[PDB]
Amino acid sequence: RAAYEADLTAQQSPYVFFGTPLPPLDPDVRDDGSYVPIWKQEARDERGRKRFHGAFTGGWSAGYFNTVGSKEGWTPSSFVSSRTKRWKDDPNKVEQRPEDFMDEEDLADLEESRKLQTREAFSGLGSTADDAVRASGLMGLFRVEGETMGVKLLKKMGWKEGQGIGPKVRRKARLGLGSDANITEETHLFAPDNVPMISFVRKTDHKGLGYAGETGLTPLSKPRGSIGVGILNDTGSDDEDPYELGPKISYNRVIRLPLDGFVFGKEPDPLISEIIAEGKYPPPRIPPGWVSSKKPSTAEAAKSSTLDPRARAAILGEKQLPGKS
Amino acid sequence: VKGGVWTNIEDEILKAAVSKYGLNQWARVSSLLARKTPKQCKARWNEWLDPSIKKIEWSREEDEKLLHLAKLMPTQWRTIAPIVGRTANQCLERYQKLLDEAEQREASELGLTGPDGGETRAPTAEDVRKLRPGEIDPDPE
Amino acid sequence: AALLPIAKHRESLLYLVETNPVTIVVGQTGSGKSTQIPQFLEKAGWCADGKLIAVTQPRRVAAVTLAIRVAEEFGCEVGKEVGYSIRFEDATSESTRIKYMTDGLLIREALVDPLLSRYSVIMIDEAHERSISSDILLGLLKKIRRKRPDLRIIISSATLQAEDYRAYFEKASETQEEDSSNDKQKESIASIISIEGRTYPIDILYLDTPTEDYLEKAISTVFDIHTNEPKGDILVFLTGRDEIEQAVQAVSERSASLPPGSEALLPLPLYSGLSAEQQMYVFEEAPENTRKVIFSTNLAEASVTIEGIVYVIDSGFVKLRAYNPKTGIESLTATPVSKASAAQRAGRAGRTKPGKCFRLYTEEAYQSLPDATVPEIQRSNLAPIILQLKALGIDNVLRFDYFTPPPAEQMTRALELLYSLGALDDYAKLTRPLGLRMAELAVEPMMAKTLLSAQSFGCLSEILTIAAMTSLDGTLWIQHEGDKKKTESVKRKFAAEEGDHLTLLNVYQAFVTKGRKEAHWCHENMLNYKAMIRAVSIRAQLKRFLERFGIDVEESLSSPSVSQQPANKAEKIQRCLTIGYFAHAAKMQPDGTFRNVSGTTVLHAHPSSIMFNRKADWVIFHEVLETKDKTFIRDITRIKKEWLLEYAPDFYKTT
Amino acid sequence: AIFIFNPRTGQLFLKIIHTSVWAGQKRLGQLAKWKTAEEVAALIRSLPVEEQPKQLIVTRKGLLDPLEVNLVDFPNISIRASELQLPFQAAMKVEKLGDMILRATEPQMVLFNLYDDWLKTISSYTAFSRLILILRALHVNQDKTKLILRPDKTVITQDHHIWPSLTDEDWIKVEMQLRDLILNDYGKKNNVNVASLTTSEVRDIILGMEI
Amino acid sequence: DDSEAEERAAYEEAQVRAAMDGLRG
Amino acid sequence: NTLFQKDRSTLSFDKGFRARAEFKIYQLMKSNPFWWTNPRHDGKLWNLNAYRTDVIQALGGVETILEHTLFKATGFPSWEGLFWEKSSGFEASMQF
Amino acid sequence: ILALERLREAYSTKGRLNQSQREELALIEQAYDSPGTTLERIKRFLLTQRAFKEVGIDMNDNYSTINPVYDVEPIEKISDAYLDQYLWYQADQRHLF
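Residue numbers (the numbering used here), protein chains in the order written: chain A, 565 to 889; chain B, 1130 to 1270; chain C, -13 to 641; chain D, 3 to 213; chain E, -14 to 10; chain F, 3 to 98; chain G, 8 to 104.
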């Protein structure tokens, strides 16, 4: 029946010259790659049969058919040494690693426990873990950001955090002495301030602008650990605590007629009003006597463009960043 | 969504599954459908889709029977309905319709019926019983 | 042309472009500035010395339509004397004098002549939109004009924010403060001329109470304005495609319930990726005893103009994209409209006859709205922008004359992204031409880094094809709602289990090699034609770009040498992809959703990718976007974890 | 006096400024802030790179202006305004400190250890909290804090120490008594009940943030 | 909130009257 | 304690809860062993943690109990700092 | 709040719910999110509804006696719980018992 699925895949997906074609959409041939929820999935082993094999993974057998041995058996490798051929200075030191004594299940669980995370110098997608550090008060005043290296490379070229970017601002100061303008105003070159970011509130509803909406009601309040009762006998978590009844009680310490539903604007929009208005700019005088002085490829130049940015910015009058000196 | 208004396709699949399966097996009948529970299919069969339900305009003697039974058994509509010969919701709707029609008659010979179709006419209970935009029918079956 | 008010000030602004080095123009859209000002400059003798007039447009299709209109008004063919240049499409000639470009194409074409001696007048239209390229070109022109005062700059600030441009245009440099010893009068470098347009009076009506459903309130507004007010086509400003679909379905269902003998109502959607048939149905006038209801997105605000429109309903919302700096994902969220955007939406009604405005919010709700939109440079991924700025040679991006400075930690994320993608060293400098090779490519820098780290590992032409498919906005498949299993089957005609990029490679190879460049074959295959032959041209242009990189081209697709095994070739392609796309890595969870390497944010497969129902363990995605509530990821491709631990040793580390 | 305190190690740099700087000068607050920023920058330049600070927390917002002028050469050092009303001024109310501040005839650097010998027993967080509490209590009442810190004549302050030597339980009792004094003062000043205050309100009163 | 104070007080006399059954008489 | 709990007001609008708990047997198939007491109205009426301490002391001690078990075969140096996981990753995987 | 809290005590126990229990939990969460619409629905049901769904009947076995257990529709259970709490509170206020 391999020829039937083979030429059915050839007929349904003829132009697959890259990757692997999908199995055909038919009731006869199942879809192995399709994701069928979890409440629809079945527990199968490496061989496809529906059984378990561990004692702590829900099987009625364990090991090599209820035996702690193996089909290949065990053979103790030998060890001989003397003053002449001493073991410590031999070149082929076969070391006694904790993996000769393990099994494929042990290695599988070892790599299962070994997770993946980004390095300290690079930030990842969706990383939101600094709020607990920052929203702590005096605890967060000592724990500063651990120098993600983009901030460090901006630091090297002349940036200090707490202020924005741009050309340097020539404002004198504020000393905390109110708004005194009697200062000499000799105007040191400061750094531009940081404009804040934007954070739009999530909008899934169709509720309009300025609408408060209906407010909700809150529910009426609400050697560590133990050996479990089973993942299927946990039912509704009938056990919380035997020694006292109920949840944790939190305590205080004290004791033309317009359209229907539309109102007429009391004032017109100014922004549409300057469209037909004369504006606030008088046109130029234009005295008689002025005369127009001017009487009435890119790809090839880009190919010949040998101007590297070291020499491209030289004619642009820009100061290059300091390098390795 | 589990529930909702009943369509003609769902009604005919319900009738076909009742034909193939019977009345004591509602889980299979609901398994032919997609948006309806076994209890909802059973309620739709027992309230509308059974053709032992009288689905025409009421006769007059049915109306005196309904009014006398609503006089002797206040608000026991599941008891009144077998005796009258209709369903509980049908008997309740006809009773409320008779009450609203008598209210309209009292307004008619009282003089409250002025301009026909005007906005000053006080509506009946049927207009209030009409669903507002954003409201759920309690008896979709 | 003559009836437009712009000619009434014509010679005046000519005096300005002969006297002031920079001259900001204030004018409402529709006064004919874009159609006549380049013509006025060409007739003033500014092209007699072999010079050029540049019109920089933030919008692409608006640039094409404006160039076509100016060519039609000039009596010349498009590209002969009036031409255009947008991304990957340059229709110009040597005899061309008036040229309409994308402003981003001025940013990218600036790596030809840094002084821009090929051009004499640079005018920036729709400057009130305030795109990123507009501000970068403003800084570039300000820095160029220090060395070339003969270059003239015109700004079409349609709003009352032209004073901000003027205040930007006396601040020249800190270096000129030392030479300011003479008592000479400060000459007016920047002069703002206000050419006033004409609009018929429009009545604006607000609400006494805020609404609970602006879509249904807008539908009720349309039906009340049809039943009460006389004949006139209705335009409504909506946000998304789904709201327009629900609106047209609801008005069709209620127009089925309309009484006979009244005027029929024709619903018409206005999306960005519309087909030709729906677009020409929208642009064509209403039939006899028929009144049109155009449910439109933001296009009709600034990009396109539909005639015979009397009514316009502003929902008070517009979708906006904002790249989060801390997380690193986009967010297409429904922002409340700005004061200037709502003013333009109101003013787009009364064009042919005096209409009415029907903003769906209270009058006090039009009092705390933002005066202008959020700056586009503050809510975008700055990594291509910092890449372009270092391509021009300005590596001091901290000390750069921005129009509005981006906030201080977004470009830190951008520099982190650029360092992870090769390009930059530890000293914040563009490197030995690695960084230069990502500098000049018009691709997203992620897979430009991939294409550089392709030749050392074999396959180059296949992911060059995938690069043609990725730099492509409007999707290849024509969205056929009537076909559900047929769309899956024709998506399964070219399906690859090892990711979604290989499906695009398969459809390109089917079109080019065996399809013989035939469009009707794409018509049975439910695929578009124009954007994908544009992608063919893009692949040719990128092949030319890597020909200028000095690496020879290995085009083995034409050769029948299939002796290399295809499984190793496929894993080679996806291995190069995860060499590139290591930052956009995710792991699928048992509940069906995906999750990042940090394991914090919930990600879902986009319902257009091949792996919507397929099971995978580790994936890469081309781009992540946040919808209304779910955060989707596109172009799902299967990878391995040890590929991440091998090709990102400084980014990722195991426990 | 200019105070530069290290919270991690307890090191305190006291820059004593004499009247000779203020002789013949006008707008004394302005060049006072400038001289303070210049002295901080000079002490930073004198300190080695390993001992150079990474963050500067200023009790006054105005120091954001001159220090940035005085620390152009050090972009790796950040300056942050403190929203906490830190009672670092109340360090004049120690008798010995004000004694050599007033008797000093020249501007000079003086080294102090505000934690004394707490770091051998407790961590830097508890020592910092105790120092902040002691400074707040001194700002509230100098004599009452002196009486609480020395409840008996057997409690003798060491010559090299500023606070008298006490055991851990004695320090806990002193901390609780100073907390009671500060809470009573805050309740009397702001007309708030003392016994009804939660832990967050008590900690915010101790830290001095604007509630 | 004055109403909240009133109905929490109502809880307070409810608990006292629950505790004072027979003693009040 | 009930005079100091957080939600005394909504609990003041709760009347007739004892007869309701008596009639709960006609609504739920699960029986309530504590039908007679309401924690939000009566409070916690017993405390049995001294039972835990004295049953630890009654069995000799922690060391005798751990001598009955495979504690020394785990190689853990001290008992304090040792927590049990209720389920397993595989066991929680095979839940539905 | 009290009515929904006593409706949760049956089924807020996490895990192993049938379809009606999940519908009840969804209805209770919907009532928590939007209280006013739920209250208007309940009052409309008290004014108008006089015909109700079928009530399932089962037996609970204590091994000495068995007792009936009634299964009511969740929407009617919400209405009945609100009515029960309101009636008990108003009879406590008016000294009925």
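FYI, nobody ran anything at the bench for these hints, they're computed from the structure. For each residue, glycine too, the CB sits at the ideal point set by N, CA and C. Be careful, since some hints might not be right.
[To be verified] Simulated crosslink set (PhoX-like; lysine-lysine; CA at most 20 Å straight-line): (1) 716(A) <-> 312(C); (2) 736(A) <-> 175(D); (3) 719(A) <-> 883(A).
[Said to hold, decoys possible] Stretch by stretch, here's where chain G covers chain F in the computed footprint (C-beta under 8 Å, at least three residues): (4) 49 to 55; (5) 63 to 70.
[Said to hold, decoys possible] Example chain A residues on the side facing chain G (calculated, C-beta under 10 Å, incomplete): (6) 768; (7) 770; (8) 774; (9) 782; (10) 783; (11) 805; (12) 868; (13) 871.
Quick rundown of the hints versus the structure:
1. Between residue 716(A) and residue 312(C), the direct Cα distance comes to roughly 16 Å. Compliance with the 20 Å bound is thereby established for this hinted pair.
2. For the hint linking residue 736(A) to residue 175(D), the alpha-carbon distance of about 50 Å lies beyond 20 Å, and the restraint is violated.
3. Only pairs whose Cα atoms come within 20 Å are accepted, and residue 719(A) paired with residue 883(A) is accepted, the gap being roughly 17 Å.
4. Only residues whose C-beta sits within less than 8 Å of a C-beta in chain G count toward coverage, and the region 49 to 55 of chain F has 0 of them, not enough to reach three; the restraint is violated.
5. Check on the region 63 to 70 of chain F: 0 of its residues sit with their Cβ under 8 Å from a Cβ of chain G, so the three-residue criterion for coverage is violated.
6. Annotation: interface hint on residue 768(A) violated; nearest CB of chain G at approximately 13 Å, more than 10 Å.
7. Hint status for residue 770(A) relative to chain G: violated, with the closest Cβ pair at about 15 Å, above 10 Å.
8. At a threshold of 10 Å, the smallest CB-CB gap from residue 774(A) to chain G is about 19 Å, leaving the interface hint violated.
9. The restraint placing residue 782(A) at the interface with chain G holds, with a minimum CB-CB distance near 8 Å, inside the 10 Å limit.
10. Evaluation of the residue 783(A) hint against chain G yields a held restraint, the C-beta minimum of about 7 Å falling below 10 Å.
11. With a cut of 10 Å, the hint placing residue 805(A) at the interface with chain G is violated, because the nearest CB-to-CB distance is about 15 Å.
12. At about 67 Å, the closest approach between the beta carbon of residue 868(A) and any beta carbon in chain G exceeds 10 Å, and the interface hint on this residue is violated.
13. Taking 10 Å as the C-beta cut-off, the interface hint given for residue 871(A) is violated, the closest approach to chain G being about 63 Å.
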